[PDB]
Structure formats: structure tokens, C-alpha cells
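What follows is a single chain, given as C-alpha cells, in the form deposited in one PDB entry.
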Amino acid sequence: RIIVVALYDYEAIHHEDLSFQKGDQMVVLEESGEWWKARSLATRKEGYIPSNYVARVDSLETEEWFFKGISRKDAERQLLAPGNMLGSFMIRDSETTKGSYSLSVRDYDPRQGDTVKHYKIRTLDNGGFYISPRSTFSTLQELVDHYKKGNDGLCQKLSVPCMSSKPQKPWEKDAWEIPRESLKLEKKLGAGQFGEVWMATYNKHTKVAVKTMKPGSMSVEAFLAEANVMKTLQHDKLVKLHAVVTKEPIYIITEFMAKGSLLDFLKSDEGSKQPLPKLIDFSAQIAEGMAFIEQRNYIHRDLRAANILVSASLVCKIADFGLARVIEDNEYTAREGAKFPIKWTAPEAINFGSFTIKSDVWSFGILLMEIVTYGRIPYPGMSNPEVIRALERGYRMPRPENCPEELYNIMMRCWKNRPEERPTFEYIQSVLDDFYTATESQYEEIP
């Protein structure tokens, strides 16, 4: 026997779904991918429900202030999002002390501006919790209520939990290779060299994006082999692949991203006004996604601002990872022009076709420059031959205006001519994540 409790509002979208509002009764039979075999016994309608819409009985996932599955950096971003107030907070699983917890609180001071402070919540050997030894609690709820009444040493009195939206409903079960008829293409988002992108509706009920590859551009078996790897690369900073139409012309169905590519966004009224620390946060988000790709021994092959997507809430999500590998070179694709852009591509990839995570690192440096210049072409004023010959002689794009020197230093490391001398994405992720909070305490040492 195993019991769970609902969290959000969701009713049937498919056939054998259930209905619940503001948390109802659930009895999970056994698990699956993202859907769980649910037993209601209250509405007595039985079938499947989204596993991320429910919470286990005994645990903290029911609490409005608890955020399971998120990182320290995630916590900082979520709290600093517009809509949160001074003292907004969350409790999360500790990233550096397994089994214990961390409290993250939105702070403000005139010197540093908007910040997030983190506190270690220690667990007592025989039960209960504390941040400061003089103030212990039987439960985390008691801890929260205590610091809601006064700061008692914290940077701020706790106000309200960090804001959050209901999670995206999981993709339809066993709907990986889907019929073309399941898709209504509603709005063309852009033409492209080897395919178009559409906003579309899947089976009348779900908004998606569809990349529609041009005839002749890919074959079914080669694409599917790769797509079956792509779909497993799941990470908050990679765009999610939902489904594919595995008949020519091949369709790739993904989550829809409201603000288009990062290049589009940086060139828009809204995006051109993002301040430098937000640009650096975008850079960090992408580095986090590329560190994941690196950890998974994968290769992007075409990293650039046009292949980063931006969500309605300004989350960056890497797109087109691995796609270049399965675009065919034949008479049909040749008429669409150059396959990869010289100005973004590492010299060893151009010269010897050596595409690796290190050639992605080179490209990431070019992408950093795109970001800090709000989408300017790389190497302005230079032709492609000029770029290649300049690079061979140690020329690199000079530091532009409004670019922190340490960000430029990261670019220069990415652009080492020898791939082995380029940093890892793990390294880049660390430096960008900590860009402004370097030489600071991880946690606040409360009295």
C-alpha cells in the first residue's frame, strides 16, 4: 500500500484521466514515466494522473513554502523574479548537506540591491530542526511560523512563499511517434534554411511548436536513432522534445517558447532593455544546459543565440542540440546554402570536421559575445576569409563596451586555438553562476 495527495487543479484532457481541484484523494497503484496509476475512491473515477500534480502524504511537498527538486541557483532565480516581495522565501533540499534543508530568503539593501540569502537548516539527531542553536523546532512548519513573526537574526522577517505556477502537464502517455493529422499548424513562427517552425495545436488540446523539416533534408531511420537520444536529454535549460512525425517530411514537436530565440529577444524592444546582470544570468543558464550536455557526452554542433529559446518567464532553453548531425548533404539541401556558419565555428571543426564538446565551447564564447552586444553579428566588418586568417594569427574580437572584464576573459578561454586548452562547461557554469557572488559566504552565518 502507498498513498498520495493532489496539489494543483487538473481535469481530464485525455480519455482515462481523473478530476481534482485544490488537492483531493489519490491512491497510486504503481508508477510509470510521468503518469501514475491512480485510485480515487472519492470521485471514484479511475485512470491516470500527472505525477507532478500530486504529493506524498507524510512529506513536505504539500507545503506552499517547500520547493522539491530545485537547485540553489534555481532558488535564487525564482525568488528574484518579479512578483516576489522582501522576505519572500522557500525551503528546499540542501545541495551540500544530504538529507538536510536550506532556507532561501529575498533580501534588499541599498548597497547590493536585490539579493537572496541562504541559511543552513540543521536536523537534530533525535528529531526537529534549527538554524541557530538557541532556537529549535519540532517541524519545519514551526520554523517558518517563528521567522514569519520576526527575523530573529535572519536578514529579513519571512513574508510569503516564493511565487510559482502549476507545472506543465506531462506529454500524452505512449505518444512519441505521432500521426501528422494530430497536429494543426496555426501560425508560422519562422522560415529557415532546412525547415520551418510553427505554433501548433496537438489533438485540439495542447499548444506546441513544430519544426517542419524540408523534403530531402533527413531520412526517417537516421533521424529517429538520434531523436531517441535527444528525447533523453532532459534538463530545465534544454527545450523538451515531446514527439516526432516519423514520415517525410519529418516533424519535430517541442514545447512552445513564447519569446522566440534569444537572438530575437535581444533584438526586441523588451529584450534590448535587459540589464547586464540579466545578460550574465542568461549566459549562466545556457552554460548550465551545456554542462548537462557535456556530462551526458553529447555534442550540440550548432550553438549560437538563434538556437537558444526564451520562455515567457525568461528561462533560456537550448534548442537544436545534435540536429546538424542528421541533416543530410545532398542536392536538395545544397541549394539552401552553407550548413554551419564560419563565424561561430571552431577552427578544427571547419578545417578537419572535428566536432566535439570543445568545439561547442568555442561556439559558446561567440554566443557570449552575441549576448553582451545584444545580438550583433560576430566579427563586424569582417568577411569569412578575414575571420579565419585573423584567428590563425591570434586575433580575437576585442572587448566591447559594457562588458565586464571577467566575462571577456571567459570568452578568451573559450577561443583557445587548441581545443584541449579550452575550459569545460562545468568550469564555465561555475564561474558564471558565481559571477557576482564570488568572494562571498555560501551561507549566512547567523548568531
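Between two forms, the rigid core is defined as the largest C-alpha subset superposing within 1.5 Å. Residue numbers count along the first chain shown, from 1. What changes on going to the form deposited in another entry:
No residue in 156, 217, 84, 102 other than 217 shows a CA shift of 2 angstroms or more between the two forms after fitting the rigid core. With the core held fixed, the Cα of residue 416 is displaced between the two forms by less than 2 Å. Core-superposed comparison between the two forms: the CA of residue 40 exceeds or equals a 2 Å shift. With a cut-off of 2 Å and the rigid core superposed, residue 31 has a Cα displacement that reaches or exceeds the cut-off between the two forms.
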Second form
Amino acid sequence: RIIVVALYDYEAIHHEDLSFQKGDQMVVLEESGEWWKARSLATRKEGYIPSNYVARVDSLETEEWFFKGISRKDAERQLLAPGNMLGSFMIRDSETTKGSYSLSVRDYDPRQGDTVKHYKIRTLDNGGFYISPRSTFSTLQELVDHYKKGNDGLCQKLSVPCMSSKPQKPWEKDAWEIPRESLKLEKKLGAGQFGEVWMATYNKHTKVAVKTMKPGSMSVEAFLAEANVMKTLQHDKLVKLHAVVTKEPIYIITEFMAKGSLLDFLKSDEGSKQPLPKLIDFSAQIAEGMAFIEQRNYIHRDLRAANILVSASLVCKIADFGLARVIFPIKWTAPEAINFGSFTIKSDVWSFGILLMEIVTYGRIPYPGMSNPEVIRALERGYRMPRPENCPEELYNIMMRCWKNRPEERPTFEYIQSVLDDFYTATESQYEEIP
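Now that we've seen the form deposited in one PDB entry, could you pull up the form deposited in another entry?
Partners and other molecules omitted; one chain follows.
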């Protein structure tokens, strides 16, 4: 008899899902992925619930100060986000010491500004926890309560648990292929050589984005084969692919990203006010996405600012990945790909380097004043874009390393992500050691 508890409020919008408040306890009848079958102890109704809205009773995830599956860098992004303050803290699973927990706290110093510091919580052998050997606790709550009443060697006294947001509600069960009737395409956002992008609505309840592919040479059968591969590339830094309409003209359904393209965003009022370490954080998120793609042995083929999407909370997401294998931007293209049509993860690295320049120049066109063929002649001479005023010297070396003539001499996304994530932090300073 498994009993779980709700971490957030949820309001049913489908036929057989259940509504509940945060705190409600439910009996698990069937575990089966994103949707579970349960019975609400408050209403006695049987139905479906999102598995990621609940957790077993009195387990760690029930606690407000606990955060599951958060990397050290995710913790720092989450803590430095609005609504938090000094002593804002979180306990989370260790990224480097698997099976163990780490503590992250919001801090300040005038030389650097607001920061996040990290402490490793060492699990005892008796079953206790400590950051400092001088001080040991029986429960993580005991740990928390203590450092909440005084610094006792930390950088800050613990104030309030980090801000959390409700996760995305999962897509309807077994609704991969959908009939056009489910969609109301309410506003066109973009139109191009190959189709349009629309802000839409799925069954009156969910906001989505729809990509309408004009019936090109694109084999229906061959597209959908690749779409089923794309469906398996689920990562927080790639746009969420929800569904598909199977008859020409083919429709593609993704999550809606409120702030549209990174290119348009950088060129807006709010974009123009982003400081440089924010621009660098964007870069790092994108590198994270590409490292995942690299990991899975995949190729993007069209990396640039216009194919990156921005969420309302400024999370960056890679879009249009691999879509070009199925179906201009030579200024983003590596020579081996231009001359010989050779497309690799290495040629993407070249593209990422150009995107970096796009980002740091707030969206400015690459090789300005130059035409495409002018640009081609220049490269084969050894020309490279110069360093703009605001770009730091070490950021520039990364771009330059991205623009090596020989593909093999280009670094990996794994390495790039790692550099960019800790651009302002020395390796020795990642964690804190307290006596």
C-alpha cells in the first residue's frame, strides 16, 4: 500500500485526471511513467495524476528546503533568481559524490556581489550528517535548524528555503500523433521559405507552438522516422517536442517559449540591459545542450541565435535540432561543410563560436559589411572576426579555438560547457572546506 503526498496544486484539464491541493494524500494504484493512477484520500476519486507532482509521504522531497536532481550550476542559477535573498539556501543531491548531499547558500561580498557558496554534507557511518566534524546532527532537519540560528562557520546564517516553481504539466497520455482538429492556430509568429510558426492551443486547455511545414520534397515517411528519434532527445536545454500531425501539410507541436528567439531577445529593451555574466550564462546553457547532443552522437546542422529559444524565466533552449538533414547561413558554417558538405559535431563547434559572437554583440550580424562570397575568400586567407569592446580576452580565445581550420583541433562541447559554467570561479573555489 503506497501512499504519496502532493507537492503542488493541480487542476484537472483532461477527461480522467484528478484535481488536488498541495498536501493532499493519495493511494497509488498504478505506476506507469509521467501519469500515475491513484485514489485521492480527500475525495475518494480514482484517476490520473502527474508523477512529478507527488512524492512518497515524509520522504526528503516533501521538505521545502530539499531539491532533487539539481546540479551545482542549477543550484546557483536557481538561488541567484529573483525572490531570494541572503541566507537563501537549499539541500540537494551531490553531483560529484553520488549518494550524498550538498548545501548551497546565497551570499554577498562587495568585490563580487551576490554569490552562491557550496558545502559538502558528509554522511556519517552511524547515520548522521556533518559539514564540520566539530558539529554532527541526526537528521538533515537538525542540520538545517542549527545553521539557521547562527553562521557557526558558514558564510551566512540560513534564512529562507530557495524559491521553487511548479514544474510543467506533462503532455496528455498516448497523444504523440494527433488530428488537426485538436489545434487552434491563433497567431503567426514567423514565416519562411519552408513554412510558418504559430502560437496555438491544444484542446482548449494547453498553450503550444506549432510549426507548419509546407509540403516540400520532404518525404512524409522519412520525416516521421527522424521525428521519433528527436522525441527521444529529452533534455532541459532542448525544446520539448510534444506531438505531430501526420498528414500533409505536416504540423510540429512544441512547448511555447514566451520570449521567442534569443536573437530577437538580445535586440530588445530587456536584452540590451543584460550584463556580460548573464550573456555568458546563456552561452553556458547552450553549451550544456550541445554537450548532450554530442553525447548522444547527434548533429544539429543549424546552430545560431535565431534557433535558440528563451523562456519567461530566461532559460535558453535549443530548437530545430537535426531538422536540416531532412529538408544561406554560411556565415555560421564551417569551411569543410561549405566546400565538401561535411557536417560533424566539430562543424557545430565552429557554429557555436560564431553564436558566441552573436551573443556578446547583442545580436549583431556576423561579418558586418561583408557579403557571403567576400567572407569565404577572407577565411581561406586566415581572416577571423576581431574582438569587440565588451568581450573579455578569455572568452575570445574560446571563439578562436572554435574557429580552427582543422576540425579535430576544435574542442568538445563537454570541455566548453565545463569552462563556461565556471568562467568566474577557480576550481579550488567550487566547494568550501570548513574545520
